[PDB]
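Here's a solo chain for you in structure tokens, the form deposited in one PDB entry.
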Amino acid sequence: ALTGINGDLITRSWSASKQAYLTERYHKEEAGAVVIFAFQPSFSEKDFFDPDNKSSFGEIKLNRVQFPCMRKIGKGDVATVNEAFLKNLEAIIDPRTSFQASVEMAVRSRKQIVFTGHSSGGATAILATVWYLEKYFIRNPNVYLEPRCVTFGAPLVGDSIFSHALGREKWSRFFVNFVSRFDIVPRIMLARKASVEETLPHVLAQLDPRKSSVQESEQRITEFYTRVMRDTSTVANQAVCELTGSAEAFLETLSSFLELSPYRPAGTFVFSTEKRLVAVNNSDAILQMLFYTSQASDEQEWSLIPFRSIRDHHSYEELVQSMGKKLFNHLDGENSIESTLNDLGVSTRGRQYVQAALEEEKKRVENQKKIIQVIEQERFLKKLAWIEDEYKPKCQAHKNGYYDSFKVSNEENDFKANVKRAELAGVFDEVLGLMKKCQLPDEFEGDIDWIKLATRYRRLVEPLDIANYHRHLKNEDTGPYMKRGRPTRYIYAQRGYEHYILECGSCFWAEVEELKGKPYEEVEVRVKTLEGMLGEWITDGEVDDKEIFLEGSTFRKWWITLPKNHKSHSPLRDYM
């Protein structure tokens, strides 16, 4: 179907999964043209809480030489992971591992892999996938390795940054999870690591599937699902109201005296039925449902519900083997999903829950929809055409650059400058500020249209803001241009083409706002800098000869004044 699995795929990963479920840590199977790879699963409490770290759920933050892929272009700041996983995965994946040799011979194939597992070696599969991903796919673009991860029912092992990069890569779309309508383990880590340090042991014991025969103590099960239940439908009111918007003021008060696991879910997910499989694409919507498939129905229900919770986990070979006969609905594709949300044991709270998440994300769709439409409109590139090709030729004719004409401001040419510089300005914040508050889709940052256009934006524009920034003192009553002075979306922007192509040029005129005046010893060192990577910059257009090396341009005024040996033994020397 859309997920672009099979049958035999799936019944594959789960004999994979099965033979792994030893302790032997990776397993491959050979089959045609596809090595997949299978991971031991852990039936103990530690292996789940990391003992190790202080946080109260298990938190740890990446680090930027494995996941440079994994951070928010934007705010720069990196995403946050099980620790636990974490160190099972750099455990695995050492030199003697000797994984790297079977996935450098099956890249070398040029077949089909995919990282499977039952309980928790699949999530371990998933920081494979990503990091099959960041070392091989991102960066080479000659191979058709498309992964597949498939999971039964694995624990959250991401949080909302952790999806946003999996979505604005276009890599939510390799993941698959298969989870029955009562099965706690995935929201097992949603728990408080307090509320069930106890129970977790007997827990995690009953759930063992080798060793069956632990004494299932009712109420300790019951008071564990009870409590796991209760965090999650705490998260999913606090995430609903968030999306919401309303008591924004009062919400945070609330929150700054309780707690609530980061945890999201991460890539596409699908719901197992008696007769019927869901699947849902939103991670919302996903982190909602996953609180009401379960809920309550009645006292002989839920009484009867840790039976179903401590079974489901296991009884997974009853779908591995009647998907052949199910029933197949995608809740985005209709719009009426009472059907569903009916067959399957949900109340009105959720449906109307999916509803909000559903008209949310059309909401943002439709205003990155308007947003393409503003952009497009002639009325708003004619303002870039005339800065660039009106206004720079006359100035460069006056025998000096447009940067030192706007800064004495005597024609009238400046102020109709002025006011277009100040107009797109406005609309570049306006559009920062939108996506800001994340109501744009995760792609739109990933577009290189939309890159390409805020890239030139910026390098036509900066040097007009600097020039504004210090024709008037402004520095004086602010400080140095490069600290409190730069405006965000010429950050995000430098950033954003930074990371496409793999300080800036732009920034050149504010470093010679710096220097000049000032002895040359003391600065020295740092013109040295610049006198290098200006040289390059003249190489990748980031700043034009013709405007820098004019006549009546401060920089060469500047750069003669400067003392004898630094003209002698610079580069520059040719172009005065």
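Numbering follows the first chain given and starts at 1. If you superpose the two forms and keep the largest set of C-alpha atoms that fall within 1.5 Å, you have the rigid core. Compared with the form deposited in another entry:
- Candidate set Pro141, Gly426, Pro393, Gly433; criterion, C-alpha shift of 2 Å or more between these two forms after rigid-core fit; matching residue, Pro141.
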Second form
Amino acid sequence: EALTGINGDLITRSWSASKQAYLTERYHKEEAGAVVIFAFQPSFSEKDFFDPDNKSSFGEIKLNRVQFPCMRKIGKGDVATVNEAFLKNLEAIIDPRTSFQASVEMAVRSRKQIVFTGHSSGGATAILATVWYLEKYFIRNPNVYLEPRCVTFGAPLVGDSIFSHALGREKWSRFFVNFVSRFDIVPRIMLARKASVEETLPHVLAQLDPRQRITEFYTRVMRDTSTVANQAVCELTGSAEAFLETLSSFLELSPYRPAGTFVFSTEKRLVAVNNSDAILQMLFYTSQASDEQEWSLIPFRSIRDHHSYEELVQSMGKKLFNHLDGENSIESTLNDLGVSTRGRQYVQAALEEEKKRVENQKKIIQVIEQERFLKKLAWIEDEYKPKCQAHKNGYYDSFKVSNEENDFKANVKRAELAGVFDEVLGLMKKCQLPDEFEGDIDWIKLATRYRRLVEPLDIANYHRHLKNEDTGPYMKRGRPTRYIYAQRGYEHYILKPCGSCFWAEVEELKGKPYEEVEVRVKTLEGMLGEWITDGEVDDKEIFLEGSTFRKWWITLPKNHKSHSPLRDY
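Would you mind giving the form deposited in another entry, to go alongside the form deposited in one PDB entry above?
Here we give the lone chain, stripped of any partners or molecules.
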């Protein structure tokens, strides 16, 4: 109850509700004191795992950005990928006809600690329901809305690497728990291809439903999972990236990745792993048989252990509990589960890569916490800008004329900042920084303060040397990705409950017929009015006599200047 946070009473009640929900093919609501449990009904059919309308080799559909805003990478922009049938069942049970939303609202009104339980196919819907409840009510106020838990038994994989990254960034991975046994085909059935098991699905699915082909089915599943297990560690280590690129397009792998806390179970021990990558390697090695006699009865035992989840509840306290990631001496606890020796080093490397990532984060924060780094920003914001404002010009045109000597200092302590910022960006892009680092408010504030002070000088340097004539406009191509990353991060941080390119527009509208740039001029005049008050652009520099914006507003026709909102001069 330390590395997970769940007691035995909640597990017992959730298991009882999941067992009782096997009837009527509907969700069962059970209220006890403060806890309100919702047990989703399982579905055992060939269409429940793979959607008939989907024509891809794997059940895949990109999440709609309107429904799930937080399930995306704020840097790249790639949305997550989930199963289609589970999502369809989710919006089917979420419709007002099923009255699930009313029950959820009634439970969130007075009760607290809402937990979601379900069986094999019920856990797949319970995970998505917990995600929906987190994105609807929890994201508004973490203190008002109690932390919703989720306990599933043998549910298959539902999200991909993007889903796990989005869960880890918002620190929501501590609310999901999935119980998996040593021999269970359901948690590992989604990694197999739809065409590989197209014939064997209905028979084994009807057999696993309560109330010769199995061997080939299990062999195909394990063979399809072995490729993913090997490619995962090959991409994590980076060995033979060119060979991986050559062999990647030849075959199609399932992008499903385990998400949330997993609790492996057996006769005597209860191992819990919190690493997203380690579980993928552990599943294949735990499903393996040591000798041929165990492999002979491997399918008959795997199809039988899928229902033997009631013993886990009664014998929870008697079993040994240990954490793999936090505690050391993983040799004994990994050998007791059944993993061989060669998988132990794979698991240890998958665990040590996270420690190396944390060490890289510590190095980055120690580098940015120095005084030499902040000295450049201090000199820029306290020495150069005020002394340039003292004259009859701004720090934008003074950097373009480059008459005095301080402009060389601005160039050097702008390139020196751009170098380290691009280094940090390349570190965070190549999967070398933790998922929470981008969610840190300190890094967001630092990136915003760096952008709002360096991007004007960057545009001045870009336009003062006529580089736009050879590299096209600055806004289209020629803008560093660090500014876009910082802008998207700041927007997602302020909108979870740009003005920096303002000059980049003024340089484009200058020297153009007024009849052609009507909409652009008026849109800029409408936007900078709020860009002044929110803090993106400054009111003093743009309104000086020597500023380029004043000359651009003067050269505009008097008809537009009379009705212009920014009439200050």
